[PDB]
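All remarks here apply to the structure that follows.
Left out: one protein chain. Kept in place: all the others.
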Amino acid sequence: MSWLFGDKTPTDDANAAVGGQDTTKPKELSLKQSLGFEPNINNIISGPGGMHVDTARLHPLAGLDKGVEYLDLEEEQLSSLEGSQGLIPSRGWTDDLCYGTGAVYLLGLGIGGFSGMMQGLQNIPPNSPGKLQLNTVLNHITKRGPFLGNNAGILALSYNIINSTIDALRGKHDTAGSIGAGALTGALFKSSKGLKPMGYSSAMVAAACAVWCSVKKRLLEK
Amino acid sequence: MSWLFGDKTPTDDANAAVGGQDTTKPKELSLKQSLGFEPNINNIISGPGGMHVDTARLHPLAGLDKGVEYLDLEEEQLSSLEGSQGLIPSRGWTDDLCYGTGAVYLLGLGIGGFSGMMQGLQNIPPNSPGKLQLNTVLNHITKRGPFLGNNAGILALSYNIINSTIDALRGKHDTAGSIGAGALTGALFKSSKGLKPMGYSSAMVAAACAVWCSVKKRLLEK
Partner (left out) sequence: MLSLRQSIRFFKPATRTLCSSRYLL
């Protein structure tokens, strides 16, 4: 403080003062209610409010938003992946169709036609012209006895061996090689005591064991 | 009024005009040109320096992480329904395993055991009630060789109508209801040496058309 300039004392000391001997009030808490002065009405223009602004709280988070999309997208991925076109031509009868053709159904029809000609060979008279008429004139035979009965009978057997090839390459079947037994005695009683066809007929079902057992046989698969 | 005599020089005016700029070109390098710094002498302190900082580092990069979580997690959710291993799913004839037990394979064996009893009934002694009526055989043997009757043959047909119910319970595609014709003439030629027995045998394959035609809901038509 300079006396030559007459500096003036600011009001900073009155604010920093700690003691106080000027207040002459009998009470500042009980009298505050007498005038109806409560903090409730002051809390409206004095109490703080609620301020909260977040960008992730309102805006959608692309991070978690991706996990919510794959939820149904992935669940439907393998679901629709199982269905490609919407049709099953195999019908559980020719799975080889996917890697072949599936003649099992079609060829099944041509077989019913030729399978009958075997016994109907006598009902169908030969009317087509033959080219062996001049070859018989050289031998000239007069004794032409009838001898047709076992030739077409045994023919029904080889007719199945030649068909085992087109079917052998069908695909991979593992039905039942152990069941081949229950099917054996099944034909034994079907035969009679006199002529037993099961003796030579067994060789026909036995060959089926190879085509079916084909499920696993690298020993003869080169 | 004449300050051109050489009065004192006031400094208040020196502050008004105290700006200068020897360099007027746009390039400010002319200021350092006065030093003549060389690149070689400066390359000596060219050790550490020349670098940058990543901006995405401060930002989180786990956004796509939430998408990869449900990516494979949900992809397997539906896969568990079908099965990852898949042991004997169809095997070519096990499609009923999902809507049945698969008696077509096993039950097929019990049929070979009873299907033979039909003809074997003559090879073994019957157990019909009434041993007195057989007094003719107990008194003496008279003609007891092989003999196929028709009263026992018709029983082979009544056994196929009672077994179709256990199989019809499953129901399957008609496969080829149009092929039923190509199979008819195939049996007509199978016999041609007198009275064709296929005449009555047709009723047997005819019932098969109903089991296979089952492919469509019977209520849709009736």
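Going by the order they are written in, the chains are A and B; count residues from 1 in each one.
By definition in this document, a contact is a pair of C-beta atoms (placed from the backbone, for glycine too) under 8 Å apart; a residue touches a chain by one contact, two chains touch by 3 or more.
A.B. asks: With the full complex in mind, choose from A:79, A:201 or A:202 the residue touching the hidden chain.
C.D. replies: If we include the chain that is not displayed, A:79 is the one touching it.
A.B. asks: Of B:1, B:14, B:16 or B:98, which one is in contact with the hidden chain?
C.D. replies: The missing chain is touched by B:98.
A.B. asks: Counting contacts across the full complex, list the positions on subunit A that touch the omitted chain.
C.D. replies: 64, 67, 72-73, 76-77, 79-83, 88, 90, 92
A.B. asks: Touching the hidden chain in the full complex, which residues of subunit B are there? Just list them.
C.D. replies: Against the missing chain, subunit B presents residues 62, 65-66, 68-73, 89-90, 95, 98.
By definition in this document, only the chains that are shown with their structure count from here on.
A.B. asks: As a quick test, compute the distance in whole Å between the mean CA positions of subunit A and subunit B.
C.D. replies: Here the centre of subunit B sits 0 Å away from the centre of subunit A.
A.B. asks: Show which residues of subunit A lie in contact with subunit B when the two form their complex.
C.D. replies: Answer in residue numbers: 61-79, 82, 91-93, 95, 105, 108-109, 111-113, 115-120, 122-123, 173-176, 179, 182-194.
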